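K.L.:
Read off the chains here:
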Amino acid sequence: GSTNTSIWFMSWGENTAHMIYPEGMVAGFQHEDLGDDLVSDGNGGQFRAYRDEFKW
Amino acid sequence: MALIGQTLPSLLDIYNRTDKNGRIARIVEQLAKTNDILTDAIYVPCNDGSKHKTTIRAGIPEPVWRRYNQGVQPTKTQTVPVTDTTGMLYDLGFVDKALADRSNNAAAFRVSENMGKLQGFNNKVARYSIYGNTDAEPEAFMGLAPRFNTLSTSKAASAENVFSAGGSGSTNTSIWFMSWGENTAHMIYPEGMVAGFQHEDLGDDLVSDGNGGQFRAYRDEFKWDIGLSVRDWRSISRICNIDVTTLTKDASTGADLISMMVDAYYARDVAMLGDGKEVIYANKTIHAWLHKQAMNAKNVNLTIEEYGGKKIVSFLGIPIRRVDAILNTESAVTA
Amino acid sequence: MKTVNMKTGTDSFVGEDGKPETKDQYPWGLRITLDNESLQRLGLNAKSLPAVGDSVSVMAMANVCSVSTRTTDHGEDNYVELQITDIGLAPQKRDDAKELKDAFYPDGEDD
Amino acid sequence: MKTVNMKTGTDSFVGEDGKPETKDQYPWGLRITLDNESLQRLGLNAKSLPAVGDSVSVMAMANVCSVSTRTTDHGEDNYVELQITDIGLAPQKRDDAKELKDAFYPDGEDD
Numbered sequence: 169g170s171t172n173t174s175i176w177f178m179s180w181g182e183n184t185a186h187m188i189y190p191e192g193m194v195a196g197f198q199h200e201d202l203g204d205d206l207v208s209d210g211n212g213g214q215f216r217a218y219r220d221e222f223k224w
Numbered sequence: 001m002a003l004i005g006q007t008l009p010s011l012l013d014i015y016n017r018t019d020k021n022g023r024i025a026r027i028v029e030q031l032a033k034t035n036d037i038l039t040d041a042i043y044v045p046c047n048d049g050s051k052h053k054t055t056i057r058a059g060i061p062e063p064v065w066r067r068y069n070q071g072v073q074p075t076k077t078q079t080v081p082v083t084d085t086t087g088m089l090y091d092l093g094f095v096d097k098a099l100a101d102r103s104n105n106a107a108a109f110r111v112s113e114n115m116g117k118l119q120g121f122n123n124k125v126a127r128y129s130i131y132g133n134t135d136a137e138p139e140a141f142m143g144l145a146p147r148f149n150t151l152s153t154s155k156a157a158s159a160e161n162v163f164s165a166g167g168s169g170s171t172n173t174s175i176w177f178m179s180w181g182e183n184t185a186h187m188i189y190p191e192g193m194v195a196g197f198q199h200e201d202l203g204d205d206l207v208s209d210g211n212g213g214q215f216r217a218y219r220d221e222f223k224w225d226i227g228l229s230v231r232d233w234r235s236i237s238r239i240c241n242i243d244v245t246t247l248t249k250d251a252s253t254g255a256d257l258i259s260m261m262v263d264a265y266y267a268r269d270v271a272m273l274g275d276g277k278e279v280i281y282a283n284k285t286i287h288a289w290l291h292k293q294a295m296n297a298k299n300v301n302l303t304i305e306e307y308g309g310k311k312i313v314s315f316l317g318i319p320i321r322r323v324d325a326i327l328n329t330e331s332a333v334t335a
Numbered sequence: 001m002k003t004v005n006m007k008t009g010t011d012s013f014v015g016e017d018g019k020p021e022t023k024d025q026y027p028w029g030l031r032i033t034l035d036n037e038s039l040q041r042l043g044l045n046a047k048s049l050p051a052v053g054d055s056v057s058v059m060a061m062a063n064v065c066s067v068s069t070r071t072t073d074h075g076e077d078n079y080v081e082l083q084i085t086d087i088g089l090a091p092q093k094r095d096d097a098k099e100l101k102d103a104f105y106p107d108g109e110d111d
Numbered sequence: 001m002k003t004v005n006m007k008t009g010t011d012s013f014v015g016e017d018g019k020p021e022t023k024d025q026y027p028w029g030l031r032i033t034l035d036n037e038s039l040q041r042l043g044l045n046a047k048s049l050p051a052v053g054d055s056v057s058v059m060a061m062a063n064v065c066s067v068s069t070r071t072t073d074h075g076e077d078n079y080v081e082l083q084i085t086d087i088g089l090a091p092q093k094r095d096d097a098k099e100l101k102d103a104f105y106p107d108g109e110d111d
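Those protein sequences? They're chains B, A, H and N, same order as listed. Letter by letter, the first sequence follows residues 169 to 224 of the entry's author numbering. Letter by letter, the second sequence follows residues 1 to 335 of the entry's author numbering. Letter by letter, the third sequence follows residues 1 to 111 of the entry's author numbering. Letter by letter, the fourth sequence follows residues 1 to 111 of the entry's author numbering.
It is worth saying that the hints were derived from the structure and are not from the lab. Be aware that one or more of the hints could be misleading.
Stated by the list, open to error - Calculated cross-link-like contacts (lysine-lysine; reagent style BS3-like; alpha-carbon spacing at most 30 angstroms):
#, chain 1, residue 1, chain 2, residue 2
1, A, 53, H, 7
2, H, 2, A, 124
3, A, 97, N, 7
4, H, 2, A, 223
5, A, 117, N, 23
6, A, 51, H, 23
7, A, 117, H, 7
8, N, 23, A, 124
9, N, 23, A, 97
10, N, 2, A, 20
11, A, 223, H, 7
12, N, 23, A, 33
13, H, 2, A, 117
14, N, 98, N, 19
As the list claims (entries may be wrong) - Okay, the calculated bits of chain A under chain H, using three or more residues with CB under 8 angstroms as the criterion:
#, region
15, 78-85
16, 125-137
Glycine residues also receive a C-beta, built at the ideal position from the N, C-alpha and C atoms.
Based on the sequences and whatever the hints tell you, model everything.
P.N.:
In structure tokens form, the structure reads like this:
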């Protein structure tokens, strides 16, 4: 039952690559519009709401 | 022929406290056998009229890797209410207006009564601050009991130890330490004791039911309401430790030791920053024992002239005070 | 908390009724908001159930009910609208278990 | 004087003792300074003797005791170290007498 853990240490400068556009956690974006429903398919929908997402 | 286990002050008291060569009081005053405790706490009134709500949360999962078009779905963080209850407790004393005046002047008498009642009161409040909770209410603490996690939350706040026995509950004490600011709640009136009042009327006498009664007296009482908070399960520490076999073996030796003293300290910070003070608790015995064993560390020390280390009040530093726990409980630790 | 209403014991013998006990619980009122309670110590085995009721003094109508199995310490919650008397609780049924019983009134949950 | 403790009578009949009844005179203390008392009125015939004992809540341990003979009205004195329970008195013994025992607390004396 080991199961024993470990420890690390390295240096930065051996960076973290991101795809030719912004970095880290960004957003921060809102808008406002309708549903949407449950699955298959599911109902009529359309009801104003508060929307937002965070990407990385 | 007398029948009963004496409620009320029979003359035995007034003749033991007594008065000789006069007088008024006992040479300030009478002293001795009641242990001492701290707490010495922080108090708060709590919205609303009880409870105190607050929330914490139960996990915040989970984002998933978007595969260029499809999977997202809305995500939702949840919570849950919490806070608990409390209760009052109090006594009251009686005298007989006659006997307290034979001999003269009851003022000293009653003062003695309220001071003694006070010491016993605090004794009981600390006595139940740590144990209980399965009876007719106030209140609750022990609820860190279970040894391992997954059956509860315990674990990290428990630090723990080994040994004891599964078929013998003897004996090994325990040590606590946590931070204040995770308060103690009280209903809307002052804090503790507050008594602090005066009455002089008539009995209140012979019970069941009780073929009469009626006599005048001189009396009053002392009430108290309190209720601890948890506010957060963390910034708290439990241990199991010795027992006295190894507790004696540990003079300077190292088989079953005091090492957890550091582990618990390091088991805290998230944060969860809060708020201003912290303090370590001992049950005496382990206090002195910790001093005596800590003097002989083959490592950091060397002192000057001379030993034996001027108490402990540091480490690190977070000042430590002493309370009254007990020397016998139960196992329930690490795993 | 609290006297008026009822306290333990009731209690629980090798076989018991449950209609007892303690009136006053009072015969006029309605209600729509807050709490109640009920627990105690050491169960033994299996079948048990509380209940309620209402009228004036005696008989014989209405219910809300609950059901539990054996464990040490439990609880459900609060009542609903009522005629007005609440002979409740009305425990039952088998087992053996001399174990004390229960009570009610404000709570007071686990940490 | 006074209620709590002892009161008359028992009443010390023919053939029994009077260890009854006081429960309890409490179970923690020690005793060395002040006074007590004991006496009653009409007797009948011959030798009687009281006593005392104590333990933790029931029975039975050490004693002190005393001895007297037939007469009407008397009284001795105090006690030395004891734990605490004082089941006393414990009178005795024979002949045929059926009346009145005693009680304890302050003087007393004569004029």
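K.L.:
State for each hint whether it applies.
P.N.:
Results for each hint:
no.: 1; hint: 53/A <-> 7/H; verdict: 28 angstroms, holds
no.: 2; hint: 2/H <-> 124/A; verdict: 21 angstroms, holds
no.: 3; hint: 97/A <-> 7/N; verdict: 22 angstroms, holds
no.: 4; hint: 2/H <-> 223/A; verdict: 17 angstroms, holds
no.: 5; hint: 117/A <-> 23/N; verdict: 25 angstroms, holds
no.: 6; hint: 51/A <-> 23/H; verdict: 29 angstroms, holds
no.: 7; hint: 117/A <-> 7/H; verdict: 29 angstroms, holds
no.: 8; hint: 23/N <-> 124/A; verdict: 26 angstroms, holds
no.: 9; hint: 23/N <-> 97/A; verdict: 26 angstroms, holds
no.: 10; hint: 2/N <-> 20/A; verdict: 22 angstroms, holds
no.: 11; hint: 223/A <-> 7/H; verdict: 23 angstroms, holds
no.: 12; hint: 23/N <-> 33/A; verdict: 26 angstroms, holds
no.: 13; hint: 2/H <-> 117/A; verdict: 25 angstroms, holds
no.: 14; hint: 98/N <-> 19/N; verdict: 16 angstroms, holds
no.: 15; hint: 78-85; verdict: holds (count 3)
no.: 16; hint: 125-137; verdict: holds (count 3)
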